[PDB]
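Number of protein chains: 2
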Amino acid sequence: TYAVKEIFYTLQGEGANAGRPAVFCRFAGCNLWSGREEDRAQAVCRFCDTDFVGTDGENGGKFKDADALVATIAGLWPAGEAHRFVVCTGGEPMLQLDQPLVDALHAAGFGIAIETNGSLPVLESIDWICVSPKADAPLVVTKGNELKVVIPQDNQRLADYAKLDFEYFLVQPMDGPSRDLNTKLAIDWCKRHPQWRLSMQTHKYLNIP
Amino acid sequence: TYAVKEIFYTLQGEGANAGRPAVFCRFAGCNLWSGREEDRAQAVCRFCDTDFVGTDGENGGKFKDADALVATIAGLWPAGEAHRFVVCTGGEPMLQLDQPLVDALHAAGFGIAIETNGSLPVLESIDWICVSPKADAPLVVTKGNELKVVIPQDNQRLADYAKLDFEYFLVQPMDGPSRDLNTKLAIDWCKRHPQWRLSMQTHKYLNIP
Ligand SMILES: C[S@@+](CC[C@H](N)C(=O)[O-])C[C@H]1O[C@@H](n2cnc3c(N)ncnc32)[C@H](O)[C@@H]1O
Ligand SMILES: C[S@@+](CC[C@H](N)C(=O)[O-])C[C@H]1O[C@@H](n2cnc3c(N)ncnc32)[C@H](O)[C@@H]1O
Ligand SMILES: Nc1nc2ncc(C(=O)O)nc2c(=O)[nH]1
Ligand SMILES: Nc1nc2ncc(C(=O)O)nc2c(=O)[nH]1
Ligand code: SF4
Ligand code: SF4
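Listed in order, the protein sequences are those of chains A and B. In this text, residue positions in the first sequence follow the numbering used here: the first is 60, and each later residue adds one. In this text, residue positions in the second sequence follow the numbering used here: the first is 60, and each later residue adds one.
If you're looking for bench data, these hints aren't it; they were derived computationally from the structure. Cβ atoms here follow ideal geometry from the backbone N, Cα and C, with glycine treated the same way. The reader is advised that the hints may include incorrect statements.
Unchecked claim - Taking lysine-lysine and the DSSO-like style, the derived pairs with C-alpha atoms no more than 30 angstroms apart in a straight line are: (1) A:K250 - B:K250; (2) A:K263 - B:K263; (3) A:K243 - B:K121; (4) B:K263 - A:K243; (5) A:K121 - B:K250.
As the list claims (entries may be wrong) - In silico contact screen, one side only, chain A against chain B (beta carbon under 10 angstroms); selected entries: (6) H142; (7) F144; (8) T148; (9) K222; (10) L223; (11) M233; (12) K243; (13) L244; (14) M259.
What the hints assert, rightly or not - Quick list of simulated restraints, FRET-style, between CB atoms: (15) B:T201 - A:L240: 30 to 38 angstroms; (16) A:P159 - B:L154: 50 to 58 angstroms; (17) B:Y264 - A:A138: 49 to 57 angstroms.
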């Protein structure tokens with residue numbers, strides 16, 4: 060059984076695969092924040108701008124098994140078109156994402172990507188693993204495909220992240236009342252340390268889902 | 060001898076490698092348009108928004124040999140930092156970019172990308188070949204790494220482009236008085252045909268060189 064907040068088909072707004080058509084499956088619930096604004100000030104992760112509470116979003120609901128979830132995901136894809144790709148996010152997807160769901164997605168011809176905070180062990184069979192480390196949280200996933208760090212966070216050892224085993228190293232401006240400020244920072248960082256690339260949240264500029 | 064409009068160090072604004080730190084070497088001159096406004100209305104390529112006339116830009120000038128040009132390019136890179144990468148553009152870089160310049164850059168530890176209109180044969184030794192086919196120009200480069208097509212153009216055969224031998228297929232909204240309009244078109248195209256990804260000119264939103 061799976062608790063999904065919302066399922067929608069759009070272009071990936073951020074990360075190394077920005078611009079790529081994909082179905083986003085946003086799981087409900089996270090392990091680093093309840094989702095309530097009264098808890099944010101003392102949460103482990105306090106800068107989240109995503110609503111992952113409940114199952115009331117678009118195509119959201121409580122799915123009984125993987126095939127029921129895959130059917131909904133596959134249904135959102137343009138008929139007769141290949142290159143099927145799903146992004147598992149939330150929320151923290153590793154709270155619910157299991158192997159039976161992964162096998163069912165691969166069976167449907169879907170490539171699987173995951174956006175995880177890195178505080179939980181991930182499934183190796185996932186095609187693209189994106190880790191976004193939270194500074195005040197433990198990081199148990201020290202290898203993957205891309206490391207997308209949101210800056211700035213206090214207690215952050217940014218240069219130490221480059222020692223990890225990832226193919227892509229990105230910094231992403233923290234959105235909020237200081238987005239433009241943090242963007243300047245991220246750009247300045249990459250230029251000074253060219254190992255890092257900029258991850259822009261393009262979907263917030265293009266105003267797309 | 061090389062005639063270069065401008066050489067500047069920034070983050071790549073568009074394409075498959077958006078956000079990646081790189082030195083941009085903008086060669087002067089093009090073969091599909093003279094650069095004169097008086098010639099635009101009758102040109103093969105009429106939507107160019109780039110100044111490539113002369114050598115009066117930042118770090119621009121006539122470079123006698125490859126070593127002189129490479130020295131300026133390398134000089135823009137952060138001292139002590141690796142991951143050296145140069146994007147050869149213009150203008151049409153294949154009007155000037157030869158093998159000695161490639162070998163000199165490779166000897167300087169630089170990875171080489173190229174932005175070309177595809178009307179001229181390219182050097183195979185170039186690490187990243189990005190082709191942006193113009194609708195009313197011959198396309199002799201039918202293979203490479205990145206096929207970044209600017210839409211919409213009249214007489215364009217968009218679907219046929221996807222048959223070519225490229226790893227990435229991108230559509231990029233034609234900037235101008237209808238950029239927001241073209242962006243919606245591009246987004247719609249990728250969603251209807253998920254082989255294509257969106258190439259957004261991020262540097263025009265982030266306001267960076
Ligand atoms: C909402 S999280 C869901 C996945 C998981 N909980 C995580 O933290 O990776 C999706 C992505 O957006 C990033 N993100 C969250 N809040 C953000 C904010 N205010 N500004 C920028 N990126 C943010 C996260 O770091 C993560 O990379
Ligand atoms: C200025 S061109 C130089 C490289 C080469 N002359 C070419 O056409 O690819 C660099 C890139 O910008 C794109 N471009 C030029 N004018 C544009 C415009 N008005 N809107 C969007 N992209 C544009 C070109 O298609 C190309 O991909
Ligand atoms: N376009 C788009 N890309 C996105 N990429 C990632 C995430 C996420 O993991 O939360 N969310 C979005 C989103 O809402 N829209
Ligand atoms: N940031 C940035 N990226 C760019 N990427 C490509 C091209 C080009 O080939 O013309 N030009 C720019 C530019 O001016 N700025
Ligand atoms: S870990 Fe991710 S989903 Fe959870 S609160 Fe932080 S940003 Fe939001
Ligand atoms: S071919 Fe490229 S450089 Fe030449 S006018 Fe067209 S867009 Fe500009």
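**Status of the hint placing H142 of chain A at chain B (closest C-beta pair under 10 angstroms)** = holds (4 angstroms)
**Prompt:** Against chain B, is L223 of chain A within 10 angstroms by beta-carbon distance?
**Reply:** Constraint on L223 of chain A not satisfied, violated at 16 angstroms.
**Assessment of proposed distance window 30 to 38 angstroms (beta carbons of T201 of chain B, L240 of chain A)** = violated (45 angstroms)
**Message:** Does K250 of chain B sit within 30 angstroms of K250 of chain A, going by the straight-line distance between their CA atoms?
**Reply:** The hint is violated at about 33 angstroms.
**30 angstroms limit on alpha-carbon distance, applied to hinted pair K121 of chain A and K250 of chain B** = Roughly 27 angstroms between the alpha carbons, so the hint for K121 of chain A and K250 of chain B holds.
**Request:** Kindly confirm whether 49 to 57 angstroms is satisfied by the beta carbon distance between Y264 of chain B and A138 of chain A.
**Result:** violated (33 angstroms)
**Prompt:** Is the interface hint for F144 of chain A satisfied, with its Cβ closer than 10 angstroms to some Cβ of chain B?
**Reply:** Hint on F144 of chain A: holds, closest Cβ of chain B at ~8 angstroms, below 10 angstroms.
**Asked** Regarding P159 of chain A and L154 of chain B, is the given constraint of 50 to 58 angstroms on their beta-carbon distance met?
**Response** holds (57 angstroms)
**Request:** Identify whether the interface hint at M259 of chain A stands, where standing means a beta carbon of chain B within less than 10 angstroms of its own.
**Result:** holds (5 angstroms)
**Prompt:** If you draw a straight line from the CA of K263 of chain B to the CA of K243 of chain A, is it 30 angstroms or shorter?
**Reply:** Holds, because 14 angstroms separates the two Cα atoms, which is no more than 30 angstroms.
**Asked** Quick one, is the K243 of chain A hint okay against chain B at 10 angstroms, beta carbons?
**Response** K243 of chain A check passes; min Cβ-Cβ to chain B is 9 angstroms, inside 10 angstroms.
**Asked** Do the alpha carbons of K263 of chain A and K263 of chain B lie within 30 angstroms of each other, as the hint requires?
**Response** Distance of about 15 angstroms is within 30 angstroms: holds.
Hints 1, 3, 8, 9, 10, 11, 13, 15, 17 from the earlier list are contradicted by this structure; the remaining hints agree with it.
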